[PDB]
Amino acid sequence: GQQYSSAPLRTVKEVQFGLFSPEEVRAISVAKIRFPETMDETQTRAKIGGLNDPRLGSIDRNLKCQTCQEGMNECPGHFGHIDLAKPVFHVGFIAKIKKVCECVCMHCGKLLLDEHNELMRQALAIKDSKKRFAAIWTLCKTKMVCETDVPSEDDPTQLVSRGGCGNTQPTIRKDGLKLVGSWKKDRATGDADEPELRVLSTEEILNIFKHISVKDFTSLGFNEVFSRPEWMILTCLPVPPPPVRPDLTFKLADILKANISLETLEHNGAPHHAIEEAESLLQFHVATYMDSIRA
Amino acid sequence: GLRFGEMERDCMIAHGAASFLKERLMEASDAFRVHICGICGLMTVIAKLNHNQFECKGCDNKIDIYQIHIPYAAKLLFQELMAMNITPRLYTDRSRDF
Amino acid sequence: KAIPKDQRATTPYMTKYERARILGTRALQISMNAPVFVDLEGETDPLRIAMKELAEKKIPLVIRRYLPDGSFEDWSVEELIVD
Amino acid sequence: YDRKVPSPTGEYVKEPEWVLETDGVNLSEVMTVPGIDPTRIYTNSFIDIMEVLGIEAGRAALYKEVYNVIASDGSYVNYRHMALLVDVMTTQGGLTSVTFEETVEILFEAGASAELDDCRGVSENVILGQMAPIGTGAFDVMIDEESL
Amino acid sequence: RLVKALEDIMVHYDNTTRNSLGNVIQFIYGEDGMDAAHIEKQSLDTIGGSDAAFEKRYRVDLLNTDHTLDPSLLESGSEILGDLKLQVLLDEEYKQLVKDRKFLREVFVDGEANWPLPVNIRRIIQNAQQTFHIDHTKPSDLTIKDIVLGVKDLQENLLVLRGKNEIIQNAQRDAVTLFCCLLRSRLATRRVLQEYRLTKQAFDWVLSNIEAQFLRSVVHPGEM
Amino acid sequence: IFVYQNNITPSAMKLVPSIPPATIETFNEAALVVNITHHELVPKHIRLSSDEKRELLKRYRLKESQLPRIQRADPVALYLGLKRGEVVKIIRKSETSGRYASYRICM
Ligand SMILES: [Zn+2]
Ligand SMILES: [Zn+2]
Ligand SMILES: [Zn+2]
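Protein chains in written order, with the deposited numbering: chain U, 3 to 248, 261 to 305, 324 to 327; chain D, 1127 to 1224; chain P, 72 to 154; chain G, 1287 to 1385, 1402 to 1450; chain E, 840 to 1063; chain W, 109 to 215.
Hints in this document: simulated from the structure, not taken from any laboratory. Ideal placement from N, C-alpha and C gives every residue a C-beta, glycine not left out. Honestly, I wouldn't trust all of these hints.
[Stated by the list, open to error] Rough simulated footprint, nothing fancy, chain W against chain E, three-plus residues with beta-carbon under 8 Å:
no., region
1, 857–863
2, 932–941
3, 1012–1018
[Stated by the list, open to error] Derived Cβ-Cβ restraints for the label pairs, each shown as a range:
no., chain 1, residue 1, chain 2, residue 2, range
4, E, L902, G, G1380, 58 to 68 Å
5, W, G193, P, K76, 34 to 44 Å
6, U, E290, W, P118, 25 to 35 Å
7, W, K191, D, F1146, 27 to 37 Å
8, P, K76, U, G51, 22 to 32 Å
9, W, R192, E, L902, 56 to 66 Å
10, W, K191, E, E1005, 44 to 54 Å
11, E, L860, W, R180, 15 to 25 Å
12, U, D188, G, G1380, 34 to 44 Å
13, G, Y1362, U, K143, 50 to 60 Å
14, G, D1334, E, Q968, 28 to 38 Å
15, E, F971, G, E1303, 23 to 33 Å
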């Protein structure tokens, strides 16, 4: 690395954290990772355009990537990707996912409390974005309805509209990697006892998240540019280069085996329940992958 | 004892000895060098050094780019974080767009 | 984002930390056979040489002082008063 | 108690005064009792001082509790160290108390919050192979091309 | 835990003390911009004493044959008796001593006179006395104006903050208030002549030292 | 401002923020029987005009969030009727400089 670079040289003065949207991950990929294999074109123990060299790294001595060249040694590592048949949760954020879910209307995407309410105005006011989430969550996890119409501050004979919808809200529990929904009408009177339990597809949750207003997800601590709430659900998954791997490949193998067969079923037409079960092995292997990269 | 723990660092901070504190607390883990987009702080930059071509595929940029030196452990720690869908973006400038 | 030579509002006195860092950056260079700007009226010790340098005001370096808001002033070694 | 007060001719003299001292505290209400001097009432509960008289009066109580502790042992520390501490405790406007791979938990949060690390700490700077902008690192040094 | 709480606070080249966020903790370090190593217990003279006593020691009345400066204190002494326009300066210096004493007795409700401040003035004066071999037995060649205006001008150069605007000027003046009270109390006309017996040259040395020492007590940016 | 003898009702008190811009302040009487800004530990707080504020921030070059804070319901802030975003200059006696000014911005 004793070779020369015309790029001016500097120290790092700032680290800006966030999440990688699926767009930016596709965006700075080289390779689309689809086959899950090393070497042997049919049976040629050499190099495959599908995982391992498809333009990222190289053991080989070869001063070669994709006209990036340098030694098996002064090469960063380049970044791969793997488009996911279905969205899965990021394991790391199940519990965040769960509490946004609890803040927002699971039809419309709109926060359950707002300016009108007043205990919420004081949580809204808090400065520290992790105390603020905490606080707004405490106010909202209680709220069983997406209200239409709500007393104002002002002369409370009268009510005032808010952007509405009206739908009842699940009580949400955690059940591995599965979030589970439970709806009522009431707390056990006449009208409706027995809740209807029903799993939360990643698919609907991603879909509710993409509908949450900039104002409303900022309000929860998220940021329009660097971390939106959707991005806690993976869609597109980065493949690290061989500098990262010292048997994490043996695991991304398995993700692909699962991605390949959820797609071959979704292709074939295939029962409701098989599609779901292959979706759940996807998830588990994408989860295990990262809860393993804590190492 | 025979070490240099939290409290010994604190005394050196008190005296203002930053160089010492960097020397003592380094890795011998060599300073690896790395190019970095100045718009998306990431280590995505394709550096053709021989043809003198530097591109962020995705940032669509071959102007704004930097070189930095960091410990290898850190270049790994960061690519580990990217593997987990976390962007640790390194910027060269403090006060921004404003 | 830079602050014109006039209008500079920070101390005209060198601080202990600047002085320490100057002398030591310069001794590092003198210790690696870098040309020297002053008469060695005997000295062999690079720190010592550097201090002779700083006293005769022959250290061509500039201190860039950042203010908390990103902005900065540049003060030359020549100009900083050493007390 | 004795109270040093200026005399009619200008010099300080002792002038005793009775003082009451209580077990327990009701500041808002005792202040209001006829016959006392409400301008000089005190408590060692700096929380109550801040609740009744505000953040600044609490800051100045808190200092005076800190200083009592350190002088009651008989030692002496310069003002400005205790002043620093007590400012750190009151600058948000209330009284805030001062009391391979782990940690992941925290970086995930960073991610999702878009945490901006200023890079001024000594650890962060170690990880990056750099000096911390403290003391001898709180400026840069550059080559003086402008000189003869 | 205290060290973990306070560890990032640093002084900056604006003299402000701030955290790693840039928040302001203090607009100037220690409320005075000094380094605590350069601060010493000194007595602030104006504060104590009876009203009679403060007026013997500091009042100069050039229009009054009992309360002028004896002519053995000063060469000009004959020539300033009854001079009206020196008296105007001296009334001005006294009014400031008087305010000084009131101000301080509000700050120190107790009357405590001994408080840490930078630049041990007594020991500079003691040095000047040694260094210029000063005869207690000869009138001085200082003038009224040399003293009175020399001590006003020194105040302007005891600098902690250097900004051209009004706000920073007010800060600078507030920062340097208490030290200026001790200063005007120590280099008032009648003390300079009658107690210290300074010559012009020693006096001019006293000042230019006060000023270098003051400037060397200021805290340095970058201190943790 | 409205001073009352022992309470308001949960829903009286709801009638307060109610007619913007015009604001409405409530005090219990007992909290007024004594002037807390006359107490010795309470220094002089002086609300800055929004110009004063502009100037303060330009000359320190700060963001609002870098200034020390005083809450909306701090006693003195109630006493002065401050509003969020308003800055008080606090001028205190000081055993090291005699006088010192600090500032806090209402939350
Ligand atoms: Zn490469
Ligand atoms: Zn809804
Ligand atoms: Zn880029």
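Checking against the hints above, which ones are violated? 2, 6, 7, 8, 10, 14, 15
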